[PDB]
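Here you get one chain, nothing else, as structure tokens; it is the form solved without the partner chain.
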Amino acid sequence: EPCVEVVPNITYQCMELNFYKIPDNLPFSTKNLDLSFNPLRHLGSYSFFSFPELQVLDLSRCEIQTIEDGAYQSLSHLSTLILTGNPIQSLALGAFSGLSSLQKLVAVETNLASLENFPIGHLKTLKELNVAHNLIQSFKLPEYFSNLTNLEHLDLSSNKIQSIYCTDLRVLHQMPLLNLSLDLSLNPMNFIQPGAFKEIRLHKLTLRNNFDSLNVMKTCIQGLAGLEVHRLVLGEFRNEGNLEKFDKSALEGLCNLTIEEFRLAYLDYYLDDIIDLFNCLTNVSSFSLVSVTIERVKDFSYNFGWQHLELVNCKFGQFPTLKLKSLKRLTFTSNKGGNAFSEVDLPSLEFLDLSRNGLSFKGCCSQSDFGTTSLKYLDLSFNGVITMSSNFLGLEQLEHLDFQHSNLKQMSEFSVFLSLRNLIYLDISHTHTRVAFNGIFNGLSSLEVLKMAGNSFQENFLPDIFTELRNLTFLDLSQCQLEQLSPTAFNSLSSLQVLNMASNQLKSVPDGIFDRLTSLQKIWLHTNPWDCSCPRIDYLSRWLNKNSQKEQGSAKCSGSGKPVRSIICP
């Protein structure tokens, strides 16, 4: 069969097969058909009579110039239609006749010059329309949109809109039941007429790479006046040379909008102000700063009423002091600069993600660090040296804890989680941890996920350090340089479904070491130099054999490389 078969009687990827005609040899039950990159040229009446069940139809880049009325006539169960990259020069009035289910239409780069003559007014079930990268130069919304009641996403990015006039959204105004996300990214925009957005509300507005000047952006923002939006996103990724100044007053126009959530993604711009720059955002529930440089200023510590604060991929010069009474979720991630955590006062913080910053933590972890007792989630992975001093005092409600790839100090010779009786997920992988003290994990009676890959053990021996972890479901001991296991090590792990022991130096295991893993569903034992010289291997070869469905990858013996599951000992 020329057509690649992905899922029988369901999916087919007839990609680039020089099809001049729709393949008739295919089944009738096919729900997903990809005909992308085939010279179809013209889609005639009932082009798809042979596909009753079709739900997804990809006609990407099939040099289609004409689509006749009823080309998709019988496609009553089609939901997504991809036309992307077809040089359409003739669309009949009824080219989309029969598409009584269509929820998504992608018509990127279809030489579309305007929405006015686009014959889609009758597709009531349409939820998504993507017309990015066409020649559309008008923001005027066609009168048929009034029939497009379920439309939730309009993609107008990469077109030719330079001006938005007061008269452009009259039809949208008469639709006070619509929930529309609009993206106008990459339109050459210079003017938005004041008042055009009064009494308008959108779920989301994206404006990225739209303005040639931080004086033209301002003019366009003043024409946004009256707009009530759930999520405003302002992006600019085109800065080349030095870091560019983001004028402190460039945002004072945002006071005359209603925004619930705000993101500013201004690549290599730098802020020399905070308080007045972000004044018009004081009451936003979700604030977001991405890719910006914040050196001169270092204190968001005001009374901003933000509940969610996201600071990602920025340059800081120093870890900023934050003091916010209403912040519940903080995301401080993938930033560079000032490699040192500094105490914050964030009462009512429930979620704290501080991963991937290279930060050092000289004392950790307690309430006096964070200003909260409500912490449920704490992620300190991919940072520098974390020195433990406090056993999570004021933070006993923790349910998720992640330290992976951070250098942890004063943890292994202690019982630092003794108070964490609600902890469900703990990851200490690659934390320079060297196990000795059998008490390392005491107190973790409700723990289910324990990741400790890439560490090591005193004498490469795994002692009975999982005794009180009766709720354990997932355990990763991969890459731990293990040479010997304790025979009673997994005795309590009655609920363990996943055991990963791959990439160790295990030659053998104690007989009956899995006897009590009655819940075990998946096991990794590969990349270990197993020794298949009977009776030594008998227990393991026997166990892997009858439990073969459970084994992930392939355990093999040193030398022969024969699968350990394949060995039969006398």
The other form holds:
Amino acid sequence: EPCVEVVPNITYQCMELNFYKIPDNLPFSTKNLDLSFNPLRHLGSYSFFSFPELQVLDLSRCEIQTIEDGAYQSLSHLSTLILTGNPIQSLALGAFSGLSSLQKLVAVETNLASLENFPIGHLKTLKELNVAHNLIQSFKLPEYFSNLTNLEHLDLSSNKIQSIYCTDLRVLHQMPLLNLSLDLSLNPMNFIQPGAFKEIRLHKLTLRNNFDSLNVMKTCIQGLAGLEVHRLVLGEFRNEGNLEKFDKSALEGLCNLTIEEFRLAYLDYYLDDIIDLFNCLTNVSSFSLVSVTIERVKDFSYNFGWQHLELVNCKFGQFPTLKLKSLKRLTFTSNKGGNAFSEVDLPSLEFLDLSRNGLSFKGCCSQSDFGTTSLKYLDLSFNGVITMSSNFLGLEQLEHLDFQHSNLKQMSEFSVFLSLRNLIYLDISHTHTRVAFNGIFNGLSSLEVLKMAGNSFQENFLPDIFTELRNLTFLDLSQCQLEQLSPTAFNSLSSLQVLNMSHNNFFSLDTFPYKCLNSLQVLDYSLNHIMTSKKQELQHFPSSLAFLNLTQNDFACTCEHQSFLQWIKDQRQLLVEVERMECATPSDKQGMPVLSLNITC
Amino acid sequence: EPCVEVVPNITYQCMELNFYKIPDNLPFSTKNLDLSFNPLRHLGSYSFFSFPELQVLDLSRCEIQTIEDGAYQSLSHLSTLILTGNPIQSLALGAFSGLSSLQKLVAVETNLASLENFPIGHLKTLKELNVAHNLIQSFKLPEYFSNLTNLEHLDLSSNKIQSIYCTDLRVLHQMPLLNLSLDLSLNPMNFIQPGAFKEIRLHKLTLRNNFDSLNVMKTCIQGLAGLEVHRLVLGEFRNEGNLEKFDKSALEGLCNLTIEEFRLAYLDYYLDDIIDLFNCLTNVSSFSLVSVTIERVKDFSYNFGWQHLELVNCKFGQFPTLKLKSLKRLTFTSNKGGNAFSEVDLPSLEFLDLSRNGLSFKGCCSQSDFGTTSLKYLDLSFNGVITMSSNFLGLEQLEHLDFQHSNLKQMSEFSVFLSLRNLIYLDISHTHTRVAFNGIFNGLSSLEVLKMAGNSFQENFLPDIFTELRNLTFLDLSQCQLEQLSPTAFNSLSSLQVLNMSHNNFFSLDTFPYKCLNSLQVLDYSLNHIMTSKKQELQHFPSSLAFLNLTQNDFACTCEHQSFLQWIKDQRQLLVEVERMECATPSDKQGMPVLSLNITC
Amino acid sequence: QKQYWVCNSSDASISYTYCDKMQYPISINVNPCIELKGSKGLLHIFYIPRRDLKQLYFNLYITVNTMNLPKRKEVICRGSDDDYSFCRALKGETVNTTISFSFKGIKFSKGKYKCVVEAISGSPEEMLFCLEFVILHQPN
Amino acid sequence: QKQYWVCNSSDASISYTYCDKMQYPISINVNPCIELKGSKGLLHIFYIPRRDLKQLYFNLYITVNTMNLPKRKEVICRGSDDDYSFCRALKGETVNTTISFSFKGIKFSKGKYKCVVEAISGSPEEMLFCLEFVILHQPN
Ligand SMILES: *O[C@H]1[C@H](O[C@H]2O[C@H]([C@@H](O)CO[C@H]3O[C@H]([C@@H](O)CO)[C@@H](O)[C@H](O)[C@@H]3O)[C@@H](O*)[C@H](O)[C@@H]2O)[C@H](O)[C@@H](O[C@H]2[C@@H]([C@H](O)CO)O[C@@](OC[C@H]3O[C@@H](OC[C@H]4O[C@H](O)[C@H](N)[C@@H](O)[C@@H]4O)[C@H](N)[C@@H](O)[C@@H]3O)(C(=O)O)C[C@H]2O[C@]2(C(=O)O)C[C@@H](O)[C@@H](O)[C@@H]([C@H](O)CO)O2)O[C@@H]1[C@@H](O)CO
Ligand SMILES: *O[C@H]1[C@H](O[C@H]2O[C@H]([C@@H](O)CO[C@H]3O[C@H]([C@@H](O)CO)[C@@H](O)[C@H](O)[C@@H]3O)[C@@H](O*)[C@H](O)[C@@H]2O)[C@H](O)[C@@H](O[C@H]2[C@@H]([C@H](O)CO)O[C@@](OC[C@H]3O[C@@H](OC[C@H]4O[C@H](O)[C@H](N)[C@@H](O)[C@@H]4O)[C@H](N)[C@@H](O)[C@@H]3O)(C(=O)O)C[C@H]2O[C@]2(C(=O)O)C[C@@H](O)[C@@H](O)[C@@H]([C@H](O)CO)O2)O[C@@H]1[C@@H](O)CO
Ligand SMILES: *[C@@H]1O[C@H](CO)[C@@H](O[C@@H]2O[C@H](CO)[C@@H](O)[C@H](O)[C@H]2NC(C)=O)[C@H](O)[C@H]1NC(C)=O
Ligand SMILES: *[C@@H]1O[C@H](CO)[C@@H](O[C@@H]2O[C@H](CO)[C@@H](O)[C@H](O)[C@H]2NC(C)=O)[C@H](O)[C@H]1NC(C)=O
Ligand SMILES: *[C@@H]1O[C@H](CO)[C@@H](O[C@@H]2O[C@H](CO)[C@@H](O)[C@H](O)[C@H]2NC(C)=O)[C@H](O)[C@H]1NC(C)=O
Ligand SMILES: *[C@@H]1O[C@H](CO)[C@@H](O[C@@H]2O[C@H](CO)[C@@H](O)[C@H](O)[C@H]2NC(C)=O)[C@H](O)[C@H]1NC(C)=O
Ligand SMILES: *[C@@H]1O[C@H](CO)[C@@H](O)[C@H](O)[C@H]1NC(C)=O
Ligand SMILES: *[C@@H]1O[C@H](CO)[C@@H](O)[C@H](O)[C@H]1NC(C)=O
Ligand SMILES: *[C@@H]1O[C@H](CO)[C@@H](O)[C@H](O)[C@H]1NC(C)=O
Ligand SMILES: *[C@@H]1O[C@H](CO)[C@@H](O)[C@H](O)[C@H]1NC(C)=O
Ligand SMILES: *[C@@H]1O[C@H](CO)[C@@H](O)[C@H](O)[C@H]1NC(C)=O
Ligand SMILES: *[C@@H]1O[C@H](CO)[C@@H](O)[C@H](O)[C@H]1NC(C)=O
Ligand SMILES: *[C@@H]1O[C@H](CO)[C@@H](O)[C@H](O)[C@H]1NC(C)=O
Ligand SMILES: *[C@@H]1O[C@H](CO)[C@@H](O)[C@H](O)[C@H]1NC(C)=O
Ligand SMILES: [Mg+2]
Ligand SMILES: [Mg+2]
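Structure of the form deposited with the partner chain bound, given the form solved without the partner chain:
Zooming out: every chain and molecule, the one shown earlier first.
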């Protein structure tokens, strides 16, 4: 059994161990077996029998040259078979007989030259068939595709198809219901016979890096005419042959197609115009551009009927002045470009993610910044500086707001959140805030979560700023260099359940403030510098308090604090990882669990 | 003597104490006397005699109605006389006789109706004469101005002059040397007779809020033709009547003037163009615009021969793309506008102040950002985010660099200062740096000052990052949350003199690291949390160490630390403010100077 | 000790007292009266300083229903060719001016606001005057 | 234990060893050879992974003459319609690709640089391979 037992009686990975023959010294209950990178080279009849209850079989790169009739005859439960990278020469007419439950068949780079003779026509349960990186030249789907009634995914990418003739799709004309997601990327396409796709319906179609010239692309997209796709994905690969031009006509053909969601995934050419270029996708409901340079675009004002717009990893320079009236959700993230946000005007906007762009806002937050009054979600995390100068006038409905990791300024200069009466989630962790106004959170009634880790307070004393946050159920307050603490702080947080106070600078754990935390269940206090206890009223810990981390500190293990070091032992039914509560003061006795000391005085 | 004695035997302020007559109960040595806001009302002969050694006399708002012959007859040393706000009715022909040393005469709002009969023609030592806020209607300078050979400052602002005729300046045509700085602001000007200024020479001329319309302004500036001014200041006041238009012709006239330095100070109208507007000041060497809106300007590319350009408190929006080839110094500060810097191209630039603009740089710092390789001074303090991605390639000559109060990023990601072999001053205080690379300062050989207060270090341990900073003579390291300390740190800083370590988080003052600080003279260690001393090698304090602040801490005044609390007393010849070294541990003995304790054990 | 009444709008009621020893008189008119929901009008002042307004600046100590906001330094007059004409004013000069103002964009709680406005000016710079403003706010 | 030699330029000398248990072979060519003063060329790789390249990413541990720089997470393949074609690669698929690169703008000290490049990928994500690069730099 040089194999590795990942999940006893269940999952074994005998990968690359020079097996010339299938192991047998393994349990019968086995459901997942990986026999990758082993020189099997001959898959004969009933090769697998030692595993009648198998569900997943990985035969990746096993030099398998010939599979005979009924090699997996006894695998009725097998749903996934992976044969990636095998130099197949002979494939028996009934090699896949017995897999009455096969849903996923992976035959990538298996020397497969034609879909015509692939013996799978009886696997009715087949959901996805991956045959990418093979020698297929024709797109003519076999007749047996009829019996394949549960097929949803077909990967024909990286093959040798060069043209699509009408007759190739004849099989589909006879399968009404047929949620097929097709990938034809990296096939040297150069001709799709006109009218070949008339009344054909795909759920998804991906054609990336298929066409040689712009003219070859426009020609093929014409043969695509009449198609109905739910989601269509075009574009190319960064590490392969790209188009030398992509002018305002490249996408003309899409006008004679019925598309619901569109996505252009990576284009080397620097876009010039955006309105003449995409007006055939105007009726589209979801529009996406990932990794495309749009610096050269002067007008971002056209009113497309798009409802979801997603721009990720694009180079832009000046911030796009969007004025899409029907748009409801906008995802503008991880874009390498400028560093200055400017107003947008999205009257219908409800979801707004503008995170990870290094953007800087010179005046937050108002409805005049976005042009909407229906915003419910707002994510401006991971950006540059965000100066607060308006307490969300017009954004009353915000339920979610994330400023995480963005330098925020003017926080304690007035009540910036005064209008957010419905805000439920709020993360301002590591936003370099310096709380210095006890009205910092006024307005946040409905608030339930509040992550303000990584910051700091004036004088390092935690004031009474939570007195209005009733439904408050979570509250991170770690890394805030807190030292002192107002005893009346948490006193109104009845529903509060968790309360992080980790990695701070406390030296004396207390227990009075937590007296009224009815629902309090968790209370992290780790990575601090506690050891003392300036008040032995150590009984005031809520009746529901289950967990109470106190791991890693600088305890005082000298009789000097026998009174407090004992209380720790007294209730080790609330603590956590005790093998990490090592002592710190005895230069001779350090590293021994505090819940194990000779209390000899 | 209800008076206030500010500087015994020297300065007294008897302001607003109902004095109806000059005091006498004051010393003879008095040099500065303030008798403002007292009802004197009659300044008779030899009124001041009790003060023969007076230099400065303030008679502001004293209801003085009449001054007679020789009122200050015995004040030969008086150089400054202030009579601001006195309702003068009668001014004796020889009221100012005796002031053989008067340099400054202030007669603002003194009901003065004509410069003609003002009896000052004999005060040859007069440097400045301020007669603003008065009823003067003519600009015709009196003949006695000849004997006034040391006059450099004349304030005629806020008067009633409405026109300037050629004969008015005839006096000047007869004073070759004459460094006169004139202010005519707030005078309802509307006509300056052509050729009136031919061959006249002023050092400075200020004409703010003088003209009613644009046409009235253009007309006057024409009569100004032929003038030679060193510095000319135009513009208006924010709280007064402004011009309704300021188009490209408003400044045509300046082309027939000889100007060395120009400044437009505040203009309500929003500028349209900048190149057609100021081409008459193209030969000017110093160009300034304070408080003027330039949003509406599309081209900032013209090549003016300006050598100094100063833009302060202007509204701009998009960052000005300056391409001034001859410019040597640029001061662009406190501008309310955009938040994104873009490249400039100033080949001759040597001084560059771009502080307090809230600007954000996305890739600092290279020569391609400024277009120069002669930059010696660079101030980018008080701005937004500044991402470091180039270690000053091409800015080798930088001697001064101030990033103070600007969120800096990517500091510990490589040696950002690697090229600054000549940098002498460097302030990165409160730039939110988190030192985590012991090569953070490589390249900074010549460095002599280093202010990195307000930041933080990885693990709060101060590494060996100063080993290359030889000539280093100053080093602020306060507010950096420092706790531990590498004993080899400062070991190479032989020339180091000062060393701030204030407001940190040290608990145990040491003395080993400072062993080799030859020149060390100062060593602040205040506002910490020291009390212990984990090594009684308290003798290793440099031989030159004079001062050693240790004020305000949390000392341990219990016999437990008799060994260390004693060392403090032992050398109170190095300490500082001892009345602020209060104890902290004895809940009964706290607040008593540590250099005063009953060491009873 | 006397409380002086500036004005009332529909949003607020503004009044002030002195917070300094010497209580030099000031004339303060606001037209129209301030509205915390956003307003813009002319502020007419008449004063006769006891110092020079050279490099003036207020230190502001605002208070929201017992709550305290950090100090605020607002500069009027930086010192050279300033925006306002009254910066040039000297120790005993009559200052009769009209300053325009405008603002908008911030929602304030309901309650009592008090703002101590300590004015400072002069070359060595010393206090000019101190006033404590009491402004009552009733929203909606 | 064998050290493999990638190439030499006029700025540097690049070589690598393995830092992981299993030492699956890789083909690495750089044309032209990297120049720390700034260069741009093609990086040809040939590999046959033992995991899926799905959501690949390197963890970089750089070292400058004994000095240590923070960890660096560099992502190749975010996971959906990725830039590179090799992201789609499966467990036993042959990966013969050519990636283009380019850079400029940073001055490096003279000395020995070592960069541990731990590659990670897969849905549950586990290490793919670990390589330790030794690059000698001689400026001017
Ligand atoms: O939206 C833009 C705005 O564009 C619009 O205005 C253009 C034009 O009308 C501007 O001024 C002309 O008109 C005025 C006067 O007749 C108006 O009644 C005249 O006196 C001027 O000389 C001039 O001829 C119009 O053509 C456009 O189509 C647009 O409608 C502007 O581009 C700009 O303007 C604002 C400022 C400017 O920032 C100063 O350089 O100028 C005005 O104000 C002076 C006033 O400003 C106060 O500060 C404003 C805010 O600043 C920070 O964010 C503070 N934290 C915040 O509290 C302040 O609210 C300052 N406090 C006062 O003491 C100053 O006296 C001006 O010249 O009148 C206008 C001002 O815009 C606003 C305003 O934001 O307050 C907005 C305007 O839409 C309008 O509602 C005016 C009112 O008419 C004023 O009564 O008020 O920027 C804005 C925005 O981009 C800002 O984000
Ligand atoms: O100065 C601008 C720059 O304008 C100039 O270039 C225009 C045009 O030539 C751009 O590309 C065309 O040409 C290339 C090729 O033929 C060039 O030999 C072709 O393949 C393209 O499809 C396209 O047709 C020209 O028309 C203009 O007049 C100007 O001369 C550009 O606007 C821009 O360009 C840079 C990037 C771009 O940012 C990516 O969206 O694109 C190029 O690079 C890809 C390459 O980028 C590398 O990253 C660059 C830096 O990024 C950060 O700052 C990192 N911290 C830093 O380390 C990097 O140095 C990435 N690492 C590689 O893996 C990517 O493959 C490109 O498409 O070729 C060009 C690039 O500009 C530069 C460069 O900065 O490296 C500068 C150029 O002037 C030129 O010198 C090229 C070399 O020819 C490349 O061999 O290199 O932005 C810059 C600046 O504003 C940036 O601040
Ligand atoms: C409290 O906050 C700390 C950090 O401030 C959290 O720490 C993480 O905890 C996980 C699991 O214990 C570790 O694997 C991570 O390395 C820690 N990293 C972080 C985020 O610092 C801690 O999980 C928080 N606890 C609660 C209950 O919220
Ligand atoms: C201290 O103990 C708490 C409570 O057990 C830990 O909190 C868990 O943190 C993980 C983060 O990986 C969360 O996913 C869990 O929900 C938390 N567990 C629960 C329910 O309490 C916390 O990680 C510990 N802090 C330390 C020392 O790392
Ligand atoms: C060392 O740095 C501290 C800053 O942390 C300086 O402290 C300030 O000192 C002045 C004295 O003129 C006080 O008025 C400030 O209030 C202090 N600021 C703080 C810490 O609150 C200190 O001056 C520096 N010491 C030296 C020698 O320059
Ligand atoms: C500790 O004492 C030193 C002097 O012994 C104080 O330093 C002075 O600080 C002021 C204001 O920053 C400077 O103008 C002086 O030049 C400093 N004196 C010198 C030469 O050291 C320091 O402020 C004190 N620390 C605190 C905050 O109490
Ligand atoms: C369809 O598949 C069944 C087995 O599932 C097979 O018996 C039948 O021959 C197939 N139909 C044809 C003739 O294509
Ligand atoms: C099939 O279509 C349904 C909706 O018609 C969708 O929920 C499902 O994800 C699709 N399956 C795929 C990925 O082909
Ligand atoms: C939380 O408080 C809000 C206050 O508006 C209330 O509407 C909501 O019902 C509370 N959450 C629940 C359902 O407990
Ligand atoms: C000039 O000054 C002298 C002082 O000696 C005085 O006697 C004479 O009257 C003055 N004459 C003029 C030019 O006003
Ligand atoms: C007089 O001119 C000189 C140089 O021309 C200048 O330095 C000086 O400031 C001027 N007078 C004064 C002190 O204003
Ligand atoms: C300061 O150091 C520089 C080199 O960094 C050296 O040229 C110069 O002589 C030093 N100054 C003195 C006199 O110590
Ligand atoms: C203030 O100036 C106005 C405007 O010129 C004037 O009408 C008024 O008389 C002055 N107020 C007083 C009485 O000082
Ligand atoms: C690698 O790919 C190239 C380009 O297609 C091809 O010529 C060669 O046969 C392949 N060789 C390798 C390294 O397997
Ligand atoms: Mg390219
Ligand atoms: Mg105005």
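Between two forms, the rigid core is defined as the largest C-alpha subset superposing within 1.5 Å. Numbering follows the first chain given and starts at 1.
Residue shifts between the two forms, rigid core superposed: of 96, 306, 441, 197, the only C-alpha displaced by 2 Å or more belongs to 441.
Once the rigid core is overlaid between the two forms, residue 251 does not reach a Cα shift of 2 Å, moving by less than that. Annotation for residue 455: C-alpha shift of 2 angstroms or more between the two forms, rigid core superposed.
In a rigid-core overlay of the protein, residue 490 has its C-alpha displaced by at least 2 Å between the two forms.
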